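Novice: Each chain, written out:
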Amino acid sequence: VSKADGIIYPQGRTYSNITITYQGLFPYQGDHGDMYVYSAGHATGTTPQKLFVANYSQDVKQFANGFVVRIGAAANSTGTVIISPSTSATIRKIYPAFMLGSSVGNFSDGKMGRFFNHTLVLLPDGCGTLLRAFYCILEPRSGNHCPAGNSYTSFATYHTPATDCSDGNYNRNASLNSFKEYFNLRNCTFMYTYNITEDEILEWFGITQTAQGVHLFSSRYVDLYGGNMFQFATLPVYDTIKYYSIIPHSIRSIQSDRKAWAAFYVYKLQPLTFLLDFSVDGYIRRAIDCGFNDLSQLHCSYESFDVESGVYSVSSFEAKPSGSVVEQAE
Amino acid sequence: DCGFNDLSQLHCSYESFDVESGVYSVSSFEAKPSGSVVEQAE
Amino acid sequence: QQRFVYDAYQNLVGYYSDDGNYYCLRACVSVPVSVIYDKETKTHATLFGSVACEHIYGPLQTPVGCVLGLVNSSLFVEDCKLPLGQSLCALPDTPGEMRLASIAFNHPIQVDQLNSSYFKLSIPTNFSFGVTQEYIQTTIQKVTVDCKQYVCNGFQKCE
Amino acid sequence: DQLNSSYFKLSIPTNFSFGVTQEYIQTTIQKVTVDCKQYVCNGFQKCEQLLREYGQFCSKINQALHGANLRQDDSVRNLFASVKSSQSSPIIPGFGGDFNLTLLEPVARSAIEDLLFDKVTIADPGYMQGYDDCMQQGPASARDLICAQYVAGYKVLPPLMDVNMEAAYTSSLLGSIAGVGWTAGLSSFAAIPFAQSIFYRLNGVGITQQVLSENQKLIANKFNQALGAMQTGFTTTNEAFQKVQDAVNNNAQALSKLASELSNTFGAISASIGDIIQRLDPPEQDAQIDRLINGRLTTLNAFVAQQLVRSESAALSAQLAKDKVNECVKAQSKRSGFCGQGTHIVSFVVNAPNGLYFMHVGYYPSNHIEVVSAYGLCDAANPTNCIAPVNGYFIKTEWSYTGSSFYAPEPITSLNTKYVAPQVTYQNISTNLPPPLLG
Amino acid sequence: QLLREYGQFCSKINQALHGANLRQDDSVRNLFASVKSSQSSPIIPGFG
Amino acid sequence: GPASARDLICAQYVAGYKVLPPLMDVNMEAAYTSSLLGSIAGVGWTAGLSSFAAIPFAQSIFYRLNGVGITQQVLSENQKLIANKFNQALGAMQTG
Amino acid sequence: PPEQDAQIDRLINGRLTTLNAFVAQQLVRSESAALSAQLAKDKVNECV
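Chains as they are written, first to last, in full-length UniProt numbering: chain A, 50 to 379; chain B, 338 to 379; chain C, 627 to 682, 704 to 741, 754 to 818; chain D, 771 to 877, 886 to 1175, 1183 to 1224; chain E, 819 to 866; chain F, 916 to 1011; chain G, 1060 to 1107.
Check before you lean on any hint, since a few could be wrong.
Here are a few chain D residues that sit away from chain G, every Cβ distance over 12 Å (derived from the structure) [unchecked claim]:
1. 829
2. 870
3. 914
4. 1150
Below, in silico cross-link-like pairs of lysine-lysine (PhoX-like), each with a Cα-Cα straight-line distance of 25 Å or less [to be verified]:
5. 1203/D <-> 854/D
6. 807/D <-> 830/D
7. 830/D <-> 665/C
8. 229/A <-> 110/A
9. 160/A <-> 52/A
10. 1021/D <-> 1100/G
11. 1100/G <-> 1000/D
12. 110/A <-> 160/A
13. 854/E <-> 897/D
14. 830/E <-> 933/F
15. 728/C <-> 369/B
16. 291/A <-> 160/A
17. 1035/D <-> 1112/D
18. 995/D <-> 668/C
19. 1203/D <-> 728/C
20. 1035/D <-> 854/E
21. 807/D <-> 1108/D
22. 1035/D <-> 830/E
23. 854/E <-> 1102/G
24. 854/D <-> 1102/G
25. 1100/G <-> 1203/D
26. 1108/D <-> 779/D
In case anyone wonders, no lab produced these hints; they're calculated from the structure. Beta carbons are placed, not taken as given, at the ideal position from N, Cα and C, and that holds for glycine.
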């Protein structure tokens, strides 16, 4: 919180050169969160073959109030490719894929990760040049290695760096076409494309649901260096989403071109009171989360990060009941 | 029972049957109307 | 991008215009008004606190503030009929206009020290007797209130 | 340890030191008058109509605040009249001779007085042109109280006496300090050097005149060292300096509360009544206006009550300051701990932002030693003839006289002894006899 | 949530009570320093 | 369990408010009063606090009585009587 | 929730007033104790 990690600037107003407590959906201080990493698919020589990824799709996490994602945290660092320990390549910033559904559908094989009715899918496209957001019903294809199809470990969107990311030719829909094989798109309500400049700088992506609609926040659009998240996209989704499954992305790099990919960390958002420090620019570089510890509670109470030496009383810890107690008439 | 006497009112107000020696004010006796006057030209 | 800039008090202290030129916003500021009144004169002098007379005989600029229709006494009086603050006092003309009279610091008798074993001594050759009157409030009127009668006016529903 | 004998053990210091005790007394509070109509209703007629149904709250608030401010003026006038001295000696450069009083000398405020104001953080009142300054330069500081006062409409009134007049009162007191403390009564003033007055005060504490003459330069150097420490005295550790800052902070807190309360919704949809008028239809908007009025009424009544309590406390403190100036500054004080810690010698008064700052020079004993002593001495040949030490003790060394404050053996003389009736405790001497007993 | 709309009343209550308690500690320290005497005679049985 | 019915200390914990301890412990405060009693016997010998004389409490009382105005000869004759009257007053204070 | 808020607000207003009153009561008592402590210091020096 002191590094302003996971902090989303309030949409309603800006504060300049002042320190005040603000209540907003914020990640817990000291929270490791859920870490998902994308790895190159198995390849022999110059030919990519079977995709390699963990079962992120099978894993289902409650959407709750929404989540904030750290993008390119390990980017531009020395690293070893996840698929091969012997192979070592410089870590490269990658973009996460998110699938969000109001209800969980059941697959033909009974596997988890299907979402019933319209499903909101955020997919990195054209090697992260653009992000595609759509609310669409998803139908499993009956083909082999697809969720309806038998013998499918997981459904993973895939792209080839050699062809899709070629400087001469970029295929924006190549990732979308791979998604179409894994899930058929039926009666999609809307299609939205937002262009994101390619960069190795750290980025933050946040998705929350509001009565007006789902809100997408990206740090790069307004304050990339600050890392403060600013809303760049609005989604007209009026159905509350209760479950989200990460879509594993397998990169079809050749064995020689296998590269380390930066891990992305997902942190859940919960309403929290955060003491906020605003600079002359008004961007937030420092903050305190009261919930983490008593010292943090003291900083929030006084509203000052630095306080004169003293013994100060703070809110007492309160016991919470394990369960409700019920009796009977006789 | 406070209504019967002023000493009873003192015990009810203090909420203690036994109280230390002192002079304590209690609710004033209120005059109650024995009639109604309605000068009204209706 | 936020456009509306607010201070810690949450008052709107800045706004970004549609043209994009930022304008600091200060709420309209009231001019403080105080009345200096003397009962014997039955006349009053209007006083504005901390206000340059540029916003208001004409007015007189003073360290305390702006006083409308005020003529400087140009005289020093130890006694002050009406305190104006700082070293200032309003002094009624008695009726005419009140004067702005500076309070005068009474000066103690000065005895010069001597750079000699002998020392100068100031000693009175005359004496007087004066009575100083002081009041100390040892007791206050004792009041007991019937809460039930006062709050409910003897009404059962209120009780 | 007490001795089971006629002789008694005495612990007496063989070394002396001078130290300054710094005390702050708050004689005044910032005077605040609030415009109820602007603060409670934000210049809205509908709020005024609802307030009128409650009563003339605004009229009561203005009168009550004026009364506290006039009471503060009366207290300041009484305190300054008490501090003023009828006869004074003019301040000159090099005042106090060998003792250095340049720090207490007007530069006009004194150097210590100017330094104290600089060390304390005080927002500029800007009484002459504050309204123009706030608009032209913006807020002087973030959340500036002075700019906030104009927006709210409340105004902080200037103090009863200007700084130059207050400085003149303290300067006259400094000149009269040496002369007033030489004889009982204020009827006669003697113009004497400050050094001569200090030596007389030291003789009173019990140091012998012979010791004072031998250590004249040493006494002056120790006093100068204590004053130099006082110049560097202001610090976070110093309690008296912190008390001065706290008094300024308390006035600042009261001003901050008025601005913060206006922002509080009090359950209303919007802090601004005008915003409520746009946001909601007029009957619904009226209920939100009433919620703001109720919170503002509570705040204004609470602020007036807070000012009344603070004014009462300042007036009692001002009376204490008047007593301290007469007891310590205008005369050496026999009472222990009323002024400086240890044996009080002299005190100096300089003005402070919300009161008077008192610096008390004190005599501190050190290097105490234990010597056998006698209550009295009687001739063996004549039991009736006896003497008892005055402001001193009889010490074996045979019997000599030592001043109570400082340990120096000196020959017993009629001047340092008083004839007394014989006692069993008093020693009988058949050997050499002191001269008062040589009768 | 309702208290937050009014303001941070809870934070103010804790700070004010702590300040009064610290003031009481300062008063106790000052009073005891005044009572303490620089030189004293050891108390013994049969004193006086 | 509560030491007494409707115990105030237990009520504080249920509400969550706590009563802080005093700045100084009882033993330290007792030491201050004990040192003061030792000083009282010899503190009043002469003006000034610079020098302390260790003298019996009885000797100090006789000097204080001489100050009030009783003559030294009367004090010597009534030494035991003065001590008895002081002891009677202290005994009344114990049952005071 | 709107109906529950009015009754909760009545409890909050009473409890906030009680806590503010308790802080004010402690402040007045602490101020009185500090003045009394200064009197005790004067009494110890003057009589004891």
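Novice: Determine for every hint whether it applies to the structure shown.
Specialist: Here is what the structure says about each hint:
With a cut of 12 Å on Cβ distances, residue 829/D stays outside the contact zone with chain G, its closest approach being about 26 Å. With a cut of 12 Å on Cβ distances, residue 870/D stays outside the contact zone with chain G, its closest approach being about 31 Å. No Cβ of chain G approaches the Cβ of residue 914/D within 12 Å, the least distance being about 39 Å, so the stated non-interface status holds. Non-interface status of residue 1150/D relative to chain G is upheld: no Cβ of that chain comes within 12 Å, the nearest being about 28 Å off.
With a C-alpha separation of about 40 Å, the suggested pair residue 1203/D and residue 854/D falls outside the 25 Å cut-off, and the hint is violated. With a C-alpha separation of about 12 Å, the suggested pairing of residue 807/D with residue 830/D holds against the 25 Å cut-off. The straight-line distance between the Cα atoms of residue 830/D and residue 665/C is roughly 20 Å, inside the 25 Å bound, and the hint therefore holds. In summary, the hint linking residue 229/A to residue 110/A is supported, as the alpha carbons are separated by about 23 Å, within the 25 Å threshold.
Using a Cα cut-off of 25 Å, the hinted pair residue 160/A and residue 52/A is violated, with the two alpha carbons roughly 40 Å apart. Proposed proximity of residue 1021/D and residue 1100/G is supported: the alpha carbons are some 20 Å apart, at most 25 Å. In summary, the hint linking residue 1100/G to residue 1000/D is not supported, as the alpha carbons are separated by about 29 Å, beyond the 25 Å threshold. Restraint check: the Cα-Cα separation between residue 110/A and residue 160/A comes to about 15 Å, which is no more than 25 Å; the hinted pair holds.
Proposed proximity of residue 854/E and residue 897/D is contradicted: the alpha carbons are some 33 Å apart, above 25 Å. In summary, the hint linking residue 830/E to residue 933/F is supported, as the alpha carbons are separated by about 17 Å, within the 25 Å threshold. For the proposed pair residue 728/C and residue 369/B, the alpha carbon gap of about 56 Å is over 25 Å, so the pair is violated. With a C-alpha separation of about 18 Å, the suggested pair residue 291/A and residue 160/A falls inside the 25 Å cut-off, and the hint holds.
Between the alpha carbons of residue 1035/D and residue 1112/D the distance comes to roughly 45 Å, so the proposed pair goes past 25 Å and is violated. Our distance criterion of 25 Å between C-alpha atoms is broken by residue 995/D and residue 668/C, whose separation comes to about 66 Å. Between residue 1203/D and residue 728/C the alpha-carbon distance is near 59 Å, which puts this suggested pair outside the 25 Å criterion. Pair hint residue 1035/D plus residue 854/E does not hold up; C-alpha atoms about 42 Å apart against a cutoff of 25 Å.
Proximity of residue 807/D to residue 1108/D is assessed by CA-CA distance (about 49 Å); at most 25 Å being required, the pair is judged violated. Annotation: proposed proximity of residue 1035/D to residue 830/E holds, straight-line Cα distance about 12 Å (limit 25 Å). At most 25 Å may separate the alpha-carbon atoms for a hinted pair to count; residue 854/E and residue 1102/G meet this at roughly 14 Å. For the suggested pair residue 854/D and residue 1102/G, the alpha carbons sit about 30 Å apart, so the restraint of at most 25 Å is broken.
Using a Cα cut-off of 25 Å, the hinted pair residue 1100/G and residue 1203/D is violated, with the two alpha carbons roughly 34 Å apart. The suggested pairing of residue 1108/D with residue 779/D is violated, with an alpha-carbon distance near 37 Å, which exceeds 25 Å.
Checked against the numbered hints given earlier, the structure breaks hints 5, 9, 11, 13, 15, 17, 18, 19, 20, 21, 24, 25 and 26 and satisfies all the rest.
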